[PDB]
Amino acid sequence: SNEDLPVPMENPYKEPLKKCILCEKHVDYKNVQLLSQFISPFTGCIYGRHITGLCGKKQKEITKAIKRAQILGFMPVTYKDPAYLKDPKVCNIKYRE
Amino acid sequence: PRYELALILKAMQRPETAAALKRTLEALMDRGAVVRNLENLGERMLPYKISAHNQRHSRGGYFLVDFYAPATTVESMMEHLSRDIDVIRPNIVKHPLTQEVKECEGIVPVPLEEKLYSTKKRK
Amino acid sequence: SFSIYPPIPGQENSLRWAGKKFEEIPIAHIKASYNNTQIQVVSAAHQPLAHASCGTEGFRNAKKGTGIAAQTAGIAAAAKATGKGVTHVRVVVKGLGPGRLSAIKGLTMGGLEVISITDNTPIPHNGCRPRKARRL
Amino acid sequence: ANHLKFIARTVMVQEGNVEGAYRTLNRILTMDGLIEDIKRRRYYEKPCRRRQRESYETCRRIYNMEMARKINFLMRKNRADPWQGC
Amino acid sequence: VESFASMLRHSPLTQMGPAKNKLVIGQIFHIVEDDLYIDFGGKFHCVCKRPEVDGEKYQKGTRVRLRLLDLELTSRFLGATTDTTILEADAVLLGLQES
Amino acid sequence: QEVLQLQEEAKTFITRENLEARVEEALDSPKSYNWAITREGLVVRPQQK
RNA sequence: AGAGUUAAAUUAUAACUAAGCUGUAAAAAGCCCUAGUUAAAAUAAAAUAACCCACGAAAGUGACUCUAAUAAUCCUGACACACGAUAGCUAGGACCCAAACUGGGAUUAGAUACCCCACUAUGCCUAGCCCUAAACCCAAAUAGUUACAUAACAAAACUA
Ligand SMILES: [Mg+2]
Ligand SMILES: [Mg+2]
Ligand SMILES: [Mg+2]
Ligand SMILES: [Mg+2]
Ligand SMILES: [Mg+2]
Ligand SMILES: [Mg+2]
Ligand SMILES: [Mg+2]
Ligand SMILES: [Mg+2]
Ligand SMILES: [Mg+2]
Ligand SMILES: [Mg+2]
Ligand SMILES: [Mg+2]
Ligand SMILES: [Mg+2]
Ligand SMILES: [Mg+2]
Ligand SMILES: [Mg+2]
Ligand SMILES: [Mg+2]
Ligand SMILES: [Mg+2]
Ligand SMILES: [Mg+2]
Ligand SMILES: [Mg+2]
Ligand SMILES: [Mg+2]
Ligand SMILES: [Mg+2]
Ligand SMILES: [Mg+2]
Ligand SMILES: [Mg+2]
Ligand SMILES: [Mg+2]
Ligand SMILES: [Mg+2]
Ligand SMILES: [Mg+2]
Ligand SMILES: [Mg+2]
Ligand SMILES: [Mg+2]
Ligand SMILES: [Mg+2]
Ligand SMILES: [Mg+2]
Ligand SMILES: [Mg+2]
Ligand SMILES: [Mg+2]
Ligand SMILES: [Mg+2]
Ligand SMILES: [Zn+2]
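Residue numbers (PDB author numbering), protein chains in the order written: chain R, 47 to 143; chain F, 2 to 124; chain K, 61 to 196; chain U, 2 to 87; chain f, 78 to 176; chain d, 155 to 203.
There may be inaccurate statements among the hints.
[Unchecked claim] The list that follows gives simulated cross-link-like pairs (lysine to any residue, SDA-like), each with its CA atoms no further than 25 Å apart:
1) R:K132 <-> d:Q159
2) R:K103 <-> d:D182
3) K:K140 <-> K:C188
4) R:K106 <-> F:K23
5) f:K137 <-> f:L85
6) F:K95 <-> d:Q202
7) R:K65 <-> F:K103
8) K:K81 <-> U:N65
9) f:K97 <-> U:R77
10) f:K97 <-> f:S80
11) F:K23 <-> F:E104
12) F:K23 <-> d:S186
13) K:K154 <-> K:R189
14) U:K71 <-> f:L148
15) R:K113 <-> K:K91
16) K:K91 <-> K:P182
17) R:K132 <-> F:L42
18) f:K134 <-> f:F154
19) f:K120 <-> f:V130
20) U:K6 <-> K:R120
21) d:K185 <-> F:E104
22) R:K113 <-> F:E104
Calculated from the structure, these hints are not laboratory results.
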């Protein structure tokens, strides 16, 4: 009969979950600009999660997409297409200090 | 749409181009295919130089053919594309729009793993 | 935004050295192998203008490994090249060995002017299997 | 080899200082893991002997990550102490 | 008589809710040269560094404005049973008891 | 609903005749998929021409 | 499991150019039908992504595409049935590179080894065998519990 006790409700102050930069985006092997965004400019490397900062599924998605874009040849392997070097940079790498 | 055809074609003038595309979709419509659409992605300088049919190409035209086809067929069309003298590289992919978008709800944060090692009062 | 390194093969970039396009500037191949170094300075037209090896410079089986030898070969190479009148050089290092840096410096100190370094070191994407490791 | 040349792994020296630009390129390759790969690939390394490497590396990376965090968390309390000689 | 549960339900520490980005009022009870030890009343004091603006204005007994980051500093670490306490809370300095 | 979607696209399909049209149109209107991203999740599509 | 495809690297083989090139702790032998550069199929192997931890019963599986496709309304179960890494065997292809064997070269008291250099069975494919591993996560399967409780060490203790 104690009406001042606590309630067994869920947490109202719960913070909304964070989102990969692509969460519910659509990764296609067709936009090479997008895939260029996640590749090292000098190498043609594919950045890891710890750089790109993507969900699991979106990393995997991006990777496969890239490889497809390479064999089908919309995108080259060993360097970032120069056209796209001047575009917005997503990743956390600092090369030049 | 079911299947997708990435056509990289030898860069030509317009008439020859038209010819090539036309006969391509003819071949497909003959193997039993229903063509949805034709998307010209332009003539680009290829990311790298591609050697096929004893010609090493720098540039190429890019095309996208969405179509429905029966399972048995895809091999046939691939063969007839590989045979072709002006295709600078063929491919056929399950059309991207069959694949579902299952909502990233977000990052499910992973907590540090506990109860790996036994409790021991060592040192 | 000054000195973005990779100048495009399109003509949108006008930057001239000795009034030449970046495409026309001479390529100095440097090959640094653990036992050796060799430089070959070649025209944009691919006509070799200079060649110097650590051995051609009169070092011998071990000693020719060192960076000393590298800069040594570099100097005389840039001598032979300067003789045919090349001001500027875009350099490429092949392999990873002792005389990488030494030889590159060797071209400068040897009186040859350097614009670019690019590294082409063959990196197998898992092609041919290497020889076995050693002690075993 | 089929790709356009001189676009890849290329730095262009600025204000004529060579040594600086070389350091730069080196920092590139070593940032991407190519130096560790060249050096790795001078000789072969057998698959088993490779997963051992992988696992030792990854354990060690976990340890160092954690220990780093702990250090930078306890950093505050490096501050000179209030209560001395109580 | 008040039941404890009632005292809890109506307290400010409850009313505040989550600790992040709260605007709190606090008091300086101890000083080492650059460092000012601030009880905002929560459980543990936080620590601060005396700002460049009006250095000598912040003294023992002074009251202060705080942006409360975390009610206390804690985490679990590799191969730990219990998490590790700093015995402080994380806060930032805004202005001094702006009146 | 599905069946009616397809019923709608059946008017837009490429058939033996429209080849002559479609192909001539495909060359006329190049289309891009090229598409980008911003750190806020925002997209910037290609700049207006 | 099929069928199709190739980006990096390497090699034939030409064009130039220089006499060396390779190789170690240091050398020697070895090769100059060598080396650097520029071209370039086949064969073989699949950087980064992976700080991921998925798929398979296990062995195993991480270049690309398409086809086929992952038993059981789900308890245990063999000497029965079907599979089973490497190496090996049989027949036919393949041969870039690696490489037991072997022949040179050093080292050494000796050196049948560790280091160097060539080159072979063999790794590769198709078909058939062989059925072994530190085949080990040395931790049986299926339901449970965190009660009771520290031989030692390791991956904490136990029911049915
Ligand atoms: Mg312990
Ligand atoms: Mg690998
Ligand atoms: Mg052994
Ligand atoms: Mg070549
Ligand atoms: Mg790694
Ligand atoms: Mg087969
Ligand atoms: Mg090749
Ligand atoms: Mg070659
Ligand atoms: Mg060759
Ligand atoms: Mg040595
Ligand atoms: Mg000799
Ligand atoms: Mg790895
Ligand atoms: Mg694994
Ligand atoms: Mg099943
Ligand atoms: Mg059973
Ligand atoms: Mg077997
Ligand atoms: Mg076998
Ligand atoms: Mg053989
Ligand atoms: Mg052969
Ligand atoms: Mg051999
Ligand atoms: Mg012998
Ligand atoms: Mg002895
Ligand atoms: Mg020894
Ligand atoms: Mg041989
Ligand atoms: Mg095998
Ligand atoms: Mg095993
Ligand atoms: Mg084991
Ligand atoms: Mg056993
Ligand atoms: Mg059993
Ligand atoms: Mg079972
Ligand atoms: Mg129990
Ligand atoms: Mg004891
Ligand atoms: Zn996401």
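Item to complete: Compare the distance between the alpha carbons of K71 (chain U) and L148 (chain f) with 25 Å, and conclude whether the hinted pair is satisfied.
Response: Since the Cα atoms of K71 (chain U) and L148 (chain f) sit roughly 19 Å apart, the hinted pair holds (cutoff 25 Å).
Discussion item. With the threshold set at 25 Å, check whether the alpha-carbon distance from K81 (chain K) to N65 (chain U) stays at or below it.
Written reply: 49 Å, violated
Worksheet item: For the pair supplied as a hint, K95 (chain F) and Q202 (chain d), is the alpha-carbon distance within the 25 Å limit?
Response: 31 Å, violated
Item to complete: Quickly compare the C-alpha distance for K120 (chain f) and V130 (chain f) to 25 Å and report which way the hint goes.
Response: Roughly 28 Å separates the two Cα atoms, so the pair is violated.
Worksheet item: Holds or violated: are the alpha carbons of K154 (chain K) and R189 (chain K) at most 25 Å from each other?
Response: Since the Cα atoms of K154 (chain K) and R189 (chain K) sit roughly 19 Å apart, the hinted pair holds (cutoff 25 Å).
Worksheet item: Taking 25 Å as the top limit, are the C-alpha atoms of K91 (chain K) and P182 (chain K) close enough?
Response: Holds - the C-alpha atoms of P182 (chain K) and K91 (chain K) are around 11 Å apart, at most 25 Å.
Practice prompt. Starting from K97 (chain f), check that the Cα of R77 (chain U) is at most 25 Å away, please.
Written response: 19 Å, holds
Discussion item. Check the hint pairing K140 (chain K) with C188 (chain K) against an upper bound of 25 Å on the C-alpha distance.
Written reply: 37 Å, violated
Item to complete: Mind checking the alpha carbons of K97 (chain f) and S80 (chain f) for me, to see if they're no more than 25 Å apart?
Response: 29 Å, violated
Worksheet item: Are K132 (chain R) and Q159 (chain d) close enough, with their CA atoms no more than 25 Å apart?
Response: Violated - the C-alpha atoms of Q159 (chain d) and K132 (chain R) are around 41 Å apart, more than 25 Å.
Discussion item. Check whether the Cα positions of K23 (chain F) and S186 (chain d) lie no farther apart than 25 Å.
Written reply: Status holds; Cα separation ~22 Å.
Worksheet item: Given the hint that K65 (chain R) pairs with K103 (chain F), does the C-alpha gap stay at or below 25 Å?
Response: With a Cα-Cα distance of about 14 Å, the restraint between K65 (chain R) and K103 (chain F) holds, given a limit of 25 Å.
Comparing the model with each numbered hint stated earlier shows that hints 1, 2, 3, 4, 5, 6, 8, 10, 11, 15, 18, 19, 20 and 21 do not hold.
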